[PDB]
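A.B. asks: Use the sequences and the hints to build the structure in full.
Protein chains: 2
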Amino acid sequence: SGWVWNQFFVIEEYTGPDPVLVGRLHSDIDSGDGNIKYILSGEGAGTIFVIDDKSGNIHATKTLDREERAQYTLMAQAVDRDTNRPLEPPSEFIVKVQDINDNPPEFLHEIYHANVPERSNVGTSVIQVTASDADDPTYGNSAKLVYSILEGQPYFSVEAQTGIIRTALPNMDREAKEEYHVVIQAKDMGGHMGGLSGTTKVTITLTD
Amino acid sequence: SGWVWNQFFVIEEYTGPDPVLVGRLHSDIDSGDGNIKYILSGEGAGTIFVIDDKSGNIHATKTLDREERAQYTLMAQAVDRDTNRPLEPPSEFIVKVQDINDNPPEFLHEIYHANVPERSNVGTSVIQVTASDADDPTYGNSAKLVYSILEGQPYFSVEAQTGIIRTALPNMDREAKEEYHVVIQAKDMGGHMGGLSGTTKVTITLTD
Ligand SMILES: [Ca+2]
Ligand SMILES: [Ca+2]
Ligand SMILES: [Ca+2]
Ligand SMILES: [Ca+2]
Ligand SMILES: [Ca+2]
Ligand SMILES: [Ca+2]
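As you go down the protein sequences, you meet chains A and B in turn.
1 is the number of the first residue of the first sequence in my numbering; add one for each residue after it.
1001 is the number of the first residue of the second sequence in my numbering; add one for each residue after it.
Check the hints yourself; a few may be wrong.
[Stated by the list, open to error] Derived pair list, reagent style BS3-like, types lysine-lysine, alpha-carbon separation capped at 25 Å:
1) B:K1144 to A:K96
2) A:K177 to A:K201
3) B:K1054 to A:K144
4) B:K1201 to B:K1144
Since the hints were derived computationally from the structure, they do not count as laboratory data.
C.D. replies: As structure tokens, then:
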């Protein structure tokens, strides 16, 4: 009451040999004597999700890819094994496939072409670069991307989250170098120990 | 209402890199605007179980061995981030570590010494042999044992579940063979494709 408890979570991409227990239907009249038969209709019910009608345990029959389906709405019933009358009214619940970090961040193009005026002030922006990341930006952080500059410093910087590359050095007269070659990295998981990553190269002209 | 939904399941022995989402506290007033702070007290709360106080997501910080602990009772609170007053009254819930089949059935002794009269009728019992199995006899069937006879047939049989060895051949005059050597197997998972197993040897004398 007040609190909401009717949803179940399932770790995606499970490939162990024994089926994942998603959750259980269960009624408060159930003395667990066995006179009660639970019934499960709805999405994947019977196919992906399968219930033991005494215990009321639902189990996942398949490896699930949360990239394919995040949710399933299912319907619980419970009828009296003898009278066959219902013992609870039928109610919905949702199983939600928990995201796992199984996709590495990927850059929109993996060669950007930028240009910026010769004597620009330190801080002047050059180009926005962004990585899409196929995991769940909603729930996890297998989708929280951090941008680092790998090659191209001390000439240029990149904004930690925005992924914008700005000049980072004063009096950058053009004679100096013909065209600058930078490499930006994008990392999962707010870039922590573990996070999957991907890079790109930006090639910058200093305009006159 | 009627239906009971406040318990969460956690697959044991998880060793993937990303933490298992156990479940989430969540209130029906929560428009998910963020003014609501969830709080988790109880067993392993703070140690094994850890909550994001906006999303209300609980995650498992450790690999769990369901052999060590099957349950944890936890307490949910939810207070208003601004007024700090509570928004739900505090309520208990239990997370239940789901059993995995990680123990193979083991025989009480792995050399039994049995004896049975010479001319016994087919069917006469010789000895009960039982395997303990360290997994959850309650929930799964990683603990449902089946007994087969491996060596010793056609002289003797073994009862599929009881594990009792009985003679299975008429007129078994003793002159014949000095002492009979049988091997019994015990298999997990009602002995299906997969099930872990273990054996023993029974050494039978035919008495005069
Ligand atoms: Ca996936
Ligand atoms: Ca994923
Ligand atoms: Ca990712
Ligand atoms: Ca274990
Ligand atoms: Ca186990
Ligand atoms: Ca076992």
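A.B. asks: Determine for every hint whether it applies to the structure shown.
C.D. replies: Hints versus structure:
1. B:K1144 to A:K96: 30 Å, violated
2. A:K177 to A:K201: The hint holds at about 17 Å.
3. B:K1054 to A:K144: Roughly 17 Å separates the two Cα atoms, so the pair holds.
4. B:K1201 to B:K1144: 21 Å, holds
Hint compliance for this structure: hint 1 is the single one not met.
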